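K.L.:
Residues per chain are reported as follows:
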Amino acid sequence: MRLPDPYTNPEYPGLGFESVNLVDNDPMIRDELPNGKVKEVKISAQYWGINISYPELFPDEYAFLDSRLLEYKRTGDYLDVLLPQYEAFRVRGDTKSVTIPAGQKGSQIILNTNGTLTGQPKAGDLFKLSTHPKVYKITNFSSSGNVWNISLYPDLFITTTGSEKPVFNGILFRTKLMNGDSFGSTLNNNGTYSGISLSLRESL
Amino acid sequence: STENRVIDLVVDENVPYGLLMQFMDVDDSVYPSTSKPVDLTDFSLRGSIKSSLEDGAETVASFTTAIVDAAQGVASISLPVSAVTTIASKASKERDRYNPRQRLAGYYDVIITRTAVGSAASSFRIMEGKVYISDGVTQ
Amino acid sequence: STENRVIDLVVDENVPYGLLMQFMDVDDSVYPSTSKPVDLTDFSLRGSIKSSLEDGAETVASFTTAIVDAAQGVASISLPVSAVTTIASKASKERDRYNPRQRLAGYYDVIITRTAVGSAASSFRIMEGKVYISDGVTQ
Amino acid sequence: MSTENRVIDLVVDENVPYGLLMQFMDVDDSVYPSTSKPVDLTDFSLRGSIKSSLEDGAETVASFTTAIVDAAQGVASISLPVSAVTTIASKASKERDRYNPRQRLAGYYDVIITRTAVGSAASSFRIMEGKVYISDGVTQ
Amino acid sequence: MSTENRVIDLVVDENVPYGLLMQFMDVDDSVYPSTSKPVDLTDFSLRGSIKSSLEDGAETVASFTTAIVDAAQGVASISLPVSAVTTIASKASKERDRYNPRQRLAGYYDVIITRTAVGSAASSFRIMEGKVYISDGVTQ
Amino acid sequence: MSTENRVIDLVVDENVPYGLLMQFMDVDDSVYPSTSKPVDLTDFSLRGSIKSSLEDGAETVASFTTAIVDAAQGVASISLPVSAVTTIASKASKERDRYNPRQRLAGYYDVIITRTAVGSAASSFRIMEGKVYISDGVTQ
Amino acid sequence: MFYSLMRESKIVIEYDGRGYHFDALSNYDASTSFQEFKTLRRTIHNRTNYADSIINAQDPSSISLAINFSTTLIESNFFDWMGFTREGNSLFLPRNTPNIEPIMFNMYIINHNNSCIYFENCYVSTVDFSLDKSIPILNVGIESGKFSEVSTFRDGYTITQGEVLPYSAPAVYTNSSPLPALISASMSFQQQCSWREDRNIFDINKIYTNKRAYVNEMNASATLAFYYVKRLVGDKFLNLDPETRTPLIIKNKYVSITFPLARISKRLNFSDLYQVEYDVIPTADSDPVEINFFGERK
Amino acid sequence: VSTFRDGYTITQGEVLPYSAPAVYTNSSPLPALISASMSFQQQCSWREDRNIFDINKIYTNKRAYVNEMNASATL
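Chains as they are written, first to last, in the deposited numbering: chain Z, 1 to 204; chain R, 2 to 140; chain S, 2 to 140; chain T, 1 to 140; chain Q, 1 to 140; chain P, 1 to 140; chain G, 1 to 298; chain I, 150 to 224.
Be careful, since some hints might not be right.
Within a straight-line C-alpha distance of at most 27 Å, the following computed DSS-like cross-link-like pairs (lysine-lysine) qualify [what the hints assert, rightly or not]:
hint	chain 1	residue 1	chain 2	residue 2
1	R	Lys131	S	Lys37
2	S	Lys37	G	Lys206
3	G	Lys146	G	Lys38
4	P	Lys91	Q	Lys94
5	R	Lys91	Q	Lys37
6	Q	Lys131	R	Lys131
7	Z	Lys122	Z	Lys105
8	Z	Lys122	Z	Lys137
9	G	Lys38	T	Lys37
10	Z	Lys105	Z	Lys39
The set of hints was computed from the structure by calculation and includes no laboratory data.
Taking the hints into account, I'd like the entire structure generated from these sequences.
P.N.:
Below, the structure is given as structure tokens:
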């Protein structure tokens with residue numbers, strides 16, 4: 001499901017992140033050798049962590065927000081979020097006619113736009129495959145005409161099967177709440193819910 | 002009309018004048034930047050310039066109107082170089098001490114109109130203000 | 002909030018006038034005020050433009066009421082271009098301070114009315130103010 | 001302990017009937033919170049008059065028509081027809097006020113509620129007072 | 001910004017051939033920031049002149065010898081030779097600028113670009129205007 | 001976008017040769033940081049003159065001797081011998097200034113760098129300007 | 001229309017159902033205001049420019065009155081309302097504050113054409129007057145909780161201040177020995193209450209007005225200014241040493257503030273003519289401070 | 150600096166003649182005006198980025214960010 005925000009529900013401008021913390025969580029078997037060399041082995045999967053802080057929420061906005069959150073807690077599905085700082089539409093066009101040749105594993109990826117896309121995805125922008133819900137981060141870009149060579153920080157979780165389509169816009173993190181067990185909201189005498197915050201965490 | 006939206010046109014001497022409008026209705030309640038270009042089919046705008054703001058004033062020039070793009074919403078208000086020369090001839094000579102290039106020529110208005118079968122008169126005023134001539138030396 | 006019935010109309014010379022009133026019923030009991038529109042049944046609007054408030058004042062013109070889309074509450078008040086010309090004929094020669102195009106033409110007020118919807122003539126004034134003619138240049 | 005507000009200034013609209021309704025409610029402050037029950041207006045009549053001045057010998061501009069809407073809910077309505085509004089408009093002061101030429105002073109008004117019966121005491125009570133103004137209209 | 005945008009001042013230096021380099025470029029900002037492309041200046045002729053005053057009868061002290069150095073890339077150049085600079089310096093006001101004594105007023109100028117072509121779009125625009133000043137020199 | 005500083009005031013010392021050297025460096029701002037390469041002064045000549053006034057008909061106090069030190073490093077030196085310093089000292093204004101009787105105004109100077117060749121355009125450029133002052137000395 | 005002139009006004013204080021119209025009023029100052037909650041919800045989605053401000057409370061008003069002394073001594077009720085105990089025409093400062101909450105009263109500021117401003121839940125928080133070579137006047141300071149506009153009001157036709165008392169030179173004594181070279185005797189009395197804000201979530205979407213308050217402390221104080229005068233070399237009576245306990249009285253022909261035992265601190269200023277300044281407060285075990293109000297002929 | 154930029158053409162004209170202010174609600178005038186004061190702000194803040202690479206050098210602020218904009222008036 002979709003986390004409410006001013007893009008989906010413009011009538012509630014109180015929704016919307018006062019501050020978002022996009023943390024990098026890659027567990028590693030780090031070992032500090034006696035000779036000065038540091039050896040680290042990556043085994044556990046990496047996952048983005050999102051910490052959302054909300055401004056002063058009025059009673060109706062908080063009613064909508066916690067209604068959506070409680071529906072999340074009820075039906076048990078995943079909770080998608082859209083970070084707005086990465087919503088710079090730097091790539092126009094429709095990506096259905098873009099083919100990613102099969103048999104690709106690792107950080108590097110090669111995709112052929114077939115002369116369809118307009119706009120260059122600069123380093124630091126997000127990237128997501130059509131099938132898998134993992135969200136990557138472009139670290140370097142290099143194109144030779146139509147073919148694009150993109151390097152992603154997390155290695156491709158699944159090897160491309162030749163049908164996965166690039167998603168350069170409207171990327172949603174498939175996250176799970178981490179504050180659900182004890183989630184309280186305080187109501188002031190001024191009439192606003194203060195200090196509403198979420199500690200999300202990408203699942204899979 | 003739009004009394005608060007008065008804009009003074011500035012026409013360059015020795016240069017054909019050109020001004021383009023865009024009739025493009027909006028509804029941002031659903032989402033910001035939801036703007037749809039208005040169809041201008043069977044619309045005909047027209048206007049005039051007169052020396053004074055009262056009855057009996059002498060007409061100075063009439064804009065050569067056009068509809069550049071029908072159904073796209075891009076109308077144009079303009080007049081040729083000879084009309085600009087006539088305006089410069091008819092314009093006053095009370096040059097400002099600190100804007101010695103601009104002289105007042107007259108007042109202008111233009112009216113958009115609907116001439117659709119199955120409809121009636123839909124005249125509406127969309128522009129209002131004064132016409133200022135900017136002096137030129139390169140001819 | 003309070004009362005804001007007093008609004009001044011600026012009608013354009015040589016152009017027909019038409020005003021679109023979206024009648025509405027806002028209630029601030031709930032923090033997002035209810036957007037319920039009033040339902041226009043058994044409603045008629047009457048409005049005359051009369052120079053000055055003194056008794057026996059001549060009737061400069063009369064508004065022509067239109068009731069359309071009763072379900073959603075909107076309504077229209079208008080008057081033909083001939084009425085506009087008749088208004089502009091009797092307008093005073095003194096021009097408004099803030100706009101040198103407007104001239105005071107008279108006063109006005111529109112009165113809603115329920116005609117035996119419950120065997121009651123519940124007619125009350127909607128709005129009021131002064132009517133200003135804006136001198137045109139096109140004609 | 002607080003103050004009352006017996007002085008109320010009314011503003012009528014020319015060419016339009018004027019309707020004002022008053023509700024009388026019993027009140028009390030006790031251990032239980034404020035208990036309010038509508039006052040039963042039985043044998044309760046109203047009567048109001050308007051004159052152009054407070055001083056004795058003032059010309060009577062008009063008089064108000066009185067009626068009781070709901071005794072059980074304790075609602076009484078005090079109003080005047082449109083013809084009375086026109087009558088008061090004719091007799092109003094001709095002196096206008098800038099920033100709003102509509103309003104003109106019409107005079108002073110009073111309202112007495114009384115209960116007259118053989119067993120009832122001859123008791124009157126001036127419920128309100130104040131001045132009556134007129135919002136001149138052009139239509140009609 | 002009715003006319004404030006297309007007006008700049010030129011100061012021709014005495015005893016030096018004055019040459020100003022212009023680079024036309026179609027900058028798109030409303031749709032998206034940081035997007036600019038050159039204007040294809042083929043068939044986009046330039047012409048300018050200088051006059052002492054803005055009256056109807058004014059002297060043509062000089063005239064720019066405009067040239068399009070690059071047909072594409074939107075690069076053009078307006079320049080005048082040493083003789084024109086000397087004529088301007090001789091035919092300039094003797095009243096010196098107080099904040100910069102070397103500069104004296106010479107006259108006014110305009111620049112019109114005429115994009116005459118086979119297509120019926122023979123439009124003309126005034127892309128420059130302002131005042132012309134002469135900066136005195138001694139190296140001769 | 002920043003400003004230039006073409007106006008430079010020189011102070012010479014009486015009875016002592018005066019030597020000033022200018023370096024012309026190519027500059028650019030790009031993705032890589034500021035890249036500077038010396039300008040190759042080939043066919044580049046300088047010429048400077050000093051007069052006691054800006055107005056036309058001013059007496060020529062002296063003229064500067066021009067030379068190019070290193071073309072590869074883009075260094076040109078503009079200076080005058082000691083005899084020229086004495087000549088300018090003789091022609092300087094006699095009006096002294098308190099708090100420093102040494103300095104006296106000598107006149108105005110300009111420097112033009114030019115590149116003249118058959119294939120080269122007849123382009124001059126006033127690199128600097130300003131006033132020349134003299135620090136009077138007693139020795140010699 | 002009707003303008004409102006300060007000179008054309010009448011201030012009536014409503015206590016116990018009786019109107020105390022305080023005439024002989026030299027000058028009064030008051031203000032009304034509201035409290036707002038203005039927050040700007042700038043977000044990464046929309047860095048907005050328009051604040052979210054709602055008016056939810058009435059800021060307490062601070063009314064100050066300057067009242068001349070009068071022959072009918074209505075002005076002593078300000079000491080009476082501020083907490084002093086009364087015996088005859090003399091007001092005692094009690095050893096302990098009697099009640100937790102102050103004495104609340106309403107106040108009207110009448111004007112022409114049935115115009116009025118109604119201050120409610122008021123209490124007298126400060127009273128100080130300077131016995132000097134000018135006509136004495138006591139500036140009272142009251143704080144309101146709720147202000148309102150009302151049509152009809154309470155007007156004190158009968159209860160009013162009489163004629164102002166004639167000037168009489170002040171004199172300060174120790175027992176019966178006069179203290180020489182007096183300059184200005186300033187007395188100060190306070191009831192330093194505090195509002196108990198009880199704005200809760202049941203008052204959301206409503207305007208809150210302060211209603212209840214509690215007394216933090218009461219006190220009586222006086223600052224005496226003298227000229228540094230000595231009659232002997234190494235004098236014992238007049239010096240700069242502190243006095244732990246000494247009976248003091250600041251006496252006039254119409255008022256006499258008595259400190260049965262006083263704690264005096266002295267301060268010398270080396271000005272054009274040397275001036276010493278006292279700081280008189282009652283001691284710990286001192287008897288109640290007296291304030292006598294003599295109308296005429298003591 | 151020695152040479153500069155001087156706005157010979159772009160300049161302010163004659164001062165506008167005085168005209169009495171008036172505040173309206175829709176078209177109903179508000180009586181008895183005294184002084185209408187308007188205020189507009191762009192409350193930016195300097196981002197000090199003085200670092201150890203600027204030691205032995207004079208630092209000048211260069212970049213700033215907008216905390217808020219607002220329009221206000223006291224009547």
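K.L.:
Quickly compare the C-alpha distance for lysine 146/G and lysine 38/G to 27 Å and report which way the hint goes.
P.N.:
Within the cut-off at roughly 22 Å; holds.
K.L.:
Within 27 Å, alpha carbon to alpha carbon, are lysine 131/R and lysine 37/S?
P.N.:
violated (44 Å)
K.L.:
Would you mind confirming whether the straight-line C-alpha gap from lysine 122/Z to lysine 137/Z stays at or under 27 Å?
P.N.:
holds (10 Å)
K.L.:
Are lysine 122/Z and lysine 105/Z close enough, with their CA atoms no more than 27 Å apart?
P.N.:
holds (22 Å)
K.L.:
Is it true that the CA of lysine 91/R sits at most 27 Å from the CA of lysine 37/Q?
P.N.:
violated (41 Å)
K.L.:
Between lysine 91/P and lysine 94/Q, is the straight-line Cα distance small enough, at 27 Å or below?
P.N.:
Cα-Cα ~26 Å, so holds.
K.L.:
Does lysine 131/Q pair with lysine 131/R here, judged by a C-alpha cut-off of 27 Å?
P.N.:
holds (26 Å)
K.L.:
Do the alpha carbons of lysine 105/Z and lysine 39/Z lie within 27 Å of each other, as the hint requires?
P.N.:
Holds. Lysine 105/Z to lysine 39/Z sits at ~23 Å (cutoff 27 Å).
K.L.:
Given the proposed pairing of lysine 38/G with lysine 37/T, does the C-alpha separation stay at or below 27 Å?
P.N.:
Distance ~40 Å between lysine 38/G and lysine 37/T Cα, so the pair is violated.
K.L.:
Mind checking the alpha carbons of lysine 37/S and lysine 206/G for me, to see if they're no more than 27 Å apart?
P.N.:
OK: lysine 37/S and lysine 206/G at ~24 Å, within 27 Å.
When the structure is compared with the earlier hints, violations turn up for hints 1, 5, 9 and for no others.
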